[PDB]
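A single chain, nothing else alongside it, follows as structure tokens in the form deposited without the named molecule.
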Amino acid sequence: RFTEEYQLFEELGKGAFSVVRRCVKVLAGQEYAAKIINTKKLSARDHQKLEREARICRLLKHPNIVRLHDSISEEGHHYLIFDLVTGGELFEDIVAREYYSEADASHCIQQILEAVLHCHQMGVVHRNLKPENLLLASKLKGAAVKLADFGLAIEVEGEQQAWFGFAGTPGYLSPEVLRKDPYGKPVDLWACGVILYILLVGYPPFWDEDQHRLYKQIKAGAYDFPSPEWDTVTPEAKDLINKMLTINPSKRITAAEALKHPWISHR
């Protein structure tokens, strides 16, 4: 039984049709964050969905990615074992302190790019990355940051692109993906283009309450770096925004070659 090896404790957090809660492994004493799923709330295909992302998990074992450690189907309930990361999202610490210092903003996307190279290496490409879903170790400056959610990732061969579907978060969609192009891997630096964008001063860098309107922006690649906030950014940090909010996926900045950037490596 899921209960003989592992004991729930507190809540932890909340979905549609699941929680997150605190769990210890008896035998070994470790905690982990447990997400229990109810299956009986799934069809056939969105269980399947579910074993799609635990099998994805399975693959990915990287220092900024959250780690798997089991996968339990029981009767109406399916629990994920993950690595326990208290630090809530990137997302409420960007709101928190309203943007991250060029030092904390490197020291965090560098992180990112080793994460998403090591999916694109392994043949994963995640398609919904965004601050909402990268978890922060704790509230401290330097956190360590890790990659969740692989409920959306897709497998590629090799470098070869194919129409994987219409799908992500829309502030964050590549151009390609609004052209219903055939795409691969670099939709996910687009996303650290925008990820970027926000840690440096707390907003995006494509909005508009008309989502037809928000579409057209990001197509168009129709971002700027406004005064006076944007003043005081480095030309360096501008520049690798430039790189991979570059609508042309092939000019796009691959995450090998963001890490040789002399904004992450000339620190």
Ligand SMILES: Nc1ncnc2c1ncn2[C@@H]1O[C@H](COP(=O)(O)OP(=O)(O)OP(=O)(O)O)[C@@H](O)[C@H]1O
Given for the second form:
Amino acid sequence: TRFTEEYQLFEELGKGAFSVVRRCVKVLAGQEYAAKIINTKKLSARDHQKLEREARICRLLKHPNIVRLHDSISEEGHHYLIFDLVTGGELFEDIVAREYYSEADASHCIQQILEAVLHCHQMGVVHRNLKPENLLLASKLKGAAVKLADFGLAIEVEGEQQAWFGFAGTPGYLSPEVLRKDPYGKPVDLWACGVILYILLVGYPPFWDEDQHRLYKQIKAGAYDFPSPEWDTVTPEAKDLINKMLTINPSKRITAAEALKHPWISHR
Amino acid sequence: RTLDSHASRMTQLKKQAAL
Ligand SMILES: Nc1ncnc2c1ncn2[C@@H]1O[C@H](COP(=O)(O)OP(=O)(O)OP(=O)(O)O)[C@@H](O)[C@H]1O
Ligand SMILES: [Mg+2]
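Starting from the form deposited without the named molecule shown above, please give the structure in the form solved in complex with the named molecule.
Following is the full complex, with the preceding chain placed first.
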């Protein structure tokens, strides 16, 4: 079709499983974009459809904290998803690099994420795979803008209707309700936001074990705490939000909207 | 195996594939 007509590729930015992301420019506009190139030829049509579903969802979502999709193109043997360019690498990488975030930075960061989650939810979309690996930083500076990525596992809900949408996500960040093979919805993303905030503050996750069966027994039982010395200095407000995010029953758990009104996010 | 120290627990943080 018309991709190698309008854009021109430069350096590789990352490999995925089936994919390769590369900085590209729209040659008429002179506009930098990130281009995720996928192999049609290595993929059944069932999986062509799985991809055109990802693009459909990404284009309902115009938001300052969500990597916007500008175009989506089928050529012979390749597919091109044109995202906003984000040069500051994964949130994960920058957390490792800085060991942990200050409450002030962690708040500014989780706030932006919650905003993104809220917009997803009010547009009838649940991400089901929130983790710092799927959050790109605008730059590597200390209070940087964070946009949300990969809706490869994102689903469509009708209103607050819960349902069994299958067993999917990342084991660290899975909801009790999903492991328990109960029906679920928007709250699964707020559970993940719980995990991500915790990581953000002290540099490790509230649930971990090398043996996955134990990791799951941990999550189901709401088995997190705030160890010493490092959590002793951290405000009780910060703790409170995490406690309302890692509430084990999903109906008593805090919503994206409730979360954005919490003192620890909206103070002064 | 991690110790009862902040420096130790920070090794529990690795990237994770999906499923
Ligand atoms: N819009 C973008 N701007 C800049 N760099 C990006 C962008 N999207 C992805 N990257 C970089 O390239 C990597 C590619 O992620 P990618 O989504 O391809 O992972 P994957 O292993 O294929 O899994 P999945 O496709 O399901 O997310 C990102 O983690 C990031 O390092
Ligand atoms: Mg990825």
